[PDB]
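Protein chains: 2
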Amino acid sequence: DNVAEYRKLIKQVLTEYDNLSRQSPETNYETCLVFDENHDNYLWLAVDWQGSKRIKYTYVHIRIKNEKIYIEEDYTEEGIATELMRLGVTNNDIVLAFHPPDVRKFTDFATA
Amino acid sequence: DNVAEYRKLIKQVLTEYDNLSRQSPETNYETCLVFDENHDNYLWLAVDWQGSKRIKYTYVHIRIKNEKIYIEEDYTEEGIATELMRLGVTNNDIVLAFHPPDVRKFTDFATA
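If you read the protein sequences in the order shown, they are chains A and A'. A prime marks a further copy of an entry chain.
Quick note on PDB author numbering: the first sequence kicks off at 2 and runs consecutively.
Quick note on PDB author numbering: the second sequence kicks off at 2 and runs consecutively.
You may find that some hints are simply not true.
The list makes no distinction among identical chains, and a pair is therefore deemed to hold if it is satisfied within one copy or across any two copies.
What the hints assert, rightly or not - Calculated cross-link-like contacts (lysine to any residue; reagent style SDA-like; alpha-carbon spacing at most 20 Å):
#1 9 with 25
#2 57 with 47
#3 57 with 76
#4 106 with 94
#5 54 with 40
#6 66 with 86
#7 9 with 40
#8 9 with 67
#9 9 with 39
#10 54 with 90
In case anyone wonders, no lab produced these hints; they're calculated from the structure.
Hey, can you work out the whole structure from these sequences and the hints?
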């Protein structure tokens, strides 16, 4: 399929994370989901104000590139990769792109 | 129309900015465009490596919200708002959301 299935899983996981996160004890900021199936980029963002302090950061950025799931940015506690594996994505189809290219071979995931 | 026209203009402007930016004298990083017409969020991102240093930042984030163009983040030199105005978007339909809500009334743009 396999990219078509990955798109469905990524969007499903980010959407559920966004909803589930509203029950956190930790401070809840306003969030945004940004899914683009043409450029194959998927983001979960915090976009808010704390008085006059701007809250603006990225929880997760995933890109589908080279027929694989490139995790470009991930500040979740357990890691998106853990959830993807639980949903049946093989480690060979996940790239921890938030790690420098030259270290990926020392991990349990694909280099590219 | 008017939101339908705004979507077309935002995507047009971000796509052209991304291409034009490759001719900059300033260091060029790999970039990503992320357009979502269902959540109405549009981003232009830098996503790259400089040796072992992660380059990961947002050039522009726009959201269409409340029937207006909310500029959530903008590190361009002249400002996206300037280009939108040049393309015929009225100042009353642009919100500088990167400014704290309570200061927007002191600007030339909408508060909300």
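For this session: Output the numbers, in ascending order, of every earlier hint that fails for this structure.
Result: Those not satisfied are hints 1, 5, 10.
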